[PDB]
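Listed next as structure tokens is one chain, alone, in the form solved without its partner chain.
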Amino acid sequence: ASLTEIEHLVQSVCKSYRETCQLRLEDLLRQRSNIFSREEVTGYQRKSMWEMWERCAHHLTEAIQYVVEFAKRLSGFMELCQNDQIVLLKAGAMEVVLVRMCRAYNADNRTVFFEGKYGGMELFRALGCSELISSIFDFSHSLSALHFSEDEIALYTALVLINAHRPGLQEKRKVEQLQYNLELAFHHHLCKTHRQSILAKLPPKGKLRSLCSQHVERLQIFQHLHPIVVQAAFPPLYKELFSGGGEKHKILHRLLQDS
């Protein structure tokens, strides 16, 4: 590529992200004052473990769907073969969500936007995975210190998804070329905005990998406790990406093929 193409890729990636960001940043900031009362927090704690899991699985699925749409709009993604598109999404969609949610996190009071209001870790105690919850909050606390702009999140999450090292890629060279151009765009934008200092503060890939593994592991614990809840009340896309043996569903293939 050349310089004019990279500048175009920067605006292309930032545009695809704005069209699929799920929640605009200003809308998330305007809600920061709206925090669950101590009686509303106790209500969430009084909910059953199985109800909190399906409510969280529903919100995770909604977020993942926007990441799929981000991928389809992402320059060069739909040119890859379908096997590679599915490998990249299965490996990275959750990782993109884990990065995106820092916008919905308030580092001042350590709360996240959940079901119309902001609440802390104590809101999710009924899940029975306090270690995973605190790892999630800590990860959002870390990214919040970086003070990401919307353009930086756009370019970073594009690279989280377009990773030529994902096992199972049939056209590794083709993903490499797309990843190299997206790297150039991200680094060129950081250079122009004088934000190259964030490169050393970005979390290691093994951290996002550890969070996704913690999610699958705690789901397997819950699935053992309430297998019918997962089969009957969890979204099909969620089961395809996280539940064994739930990969039998093909949701993503339909999501990608349409339009």
Given for the second form:
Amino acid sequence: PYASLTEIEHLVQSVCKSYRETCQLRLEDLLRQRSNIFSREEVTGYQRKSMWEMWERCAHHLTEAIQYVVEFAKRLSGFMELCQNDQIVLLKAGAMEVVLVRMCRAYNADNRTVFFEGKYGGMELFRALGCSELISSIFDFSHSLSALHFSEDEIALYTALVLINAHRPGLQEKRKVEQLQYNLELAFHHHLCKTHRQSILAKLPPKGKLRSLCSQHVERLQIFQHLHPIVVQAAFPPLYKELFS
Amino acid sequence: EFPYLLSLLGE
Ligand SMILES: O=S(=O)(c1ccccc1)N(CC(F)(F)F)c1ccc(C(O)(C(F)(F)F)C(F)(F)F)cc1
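Previous: the form solved without its partner chain; requested now: the form solved in complex with its partner chain:
Starting with the chain above, the whole complex follows.
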């Protein structure tokens, strides 16, 4: 039942289109806004915000990013063929992972800033969250990705595989996911071969790196939630609670 | 146990 060369070429096109339609911010917009940087006054504003308010803002923005990943999944060839259980298992495990990868587009390695609420700012913007080590990990991961200089098509094909990972515990139709994963691998490898970029394969993040960053995020969320349980109830998006609570 | 997630998947 395996896929022809034509089907694989179609799959490259399909995956790239799905990403294009759901990437949330356009790369050209992000790049052209690099000179727009939060002033010292604005940074001070952020640092003076309360821990709970900063956490609620970041949860909102993450949730919005996650909704775009869900849309990506829905437009991905063969996602709709998965049973409902496995769709949830894959997204619960992978959505945040995809967001962490997508973040490199919004990260400027020249001055170590990220696009956030309309301007570029460094890690210090996030001081009020009270989780410097997590922030540092996130910026380090974005920095490692910046060095690969992913194309948009590469980001598309790689994030597809981050999502369609047959090793998630709990999948009920493992074999179907293995087949979808394999074909997505063929598409990614085909694209790389045609563009003479197979050398990136050896440079991709080590297997459980993404898992580590996500596990740290959940731990910090649990510590927050433990310290401020009513804030999470009253002001975090329902989707965020379902994903992470 | 995932009503908002199913709602998005259904939209
Ligand atoms: O992972 S975070 O610590 C986080 C905390 C609480 C809720 C969501 C996410 N946080 C890490 C960071 F250092 F960047 F702050 C986080 C912040 C912002 C993002 C966003 O990437 C962005 F772009 F806004 F910076 C987004 F969400 F959008 F993706 C993602 C994660």
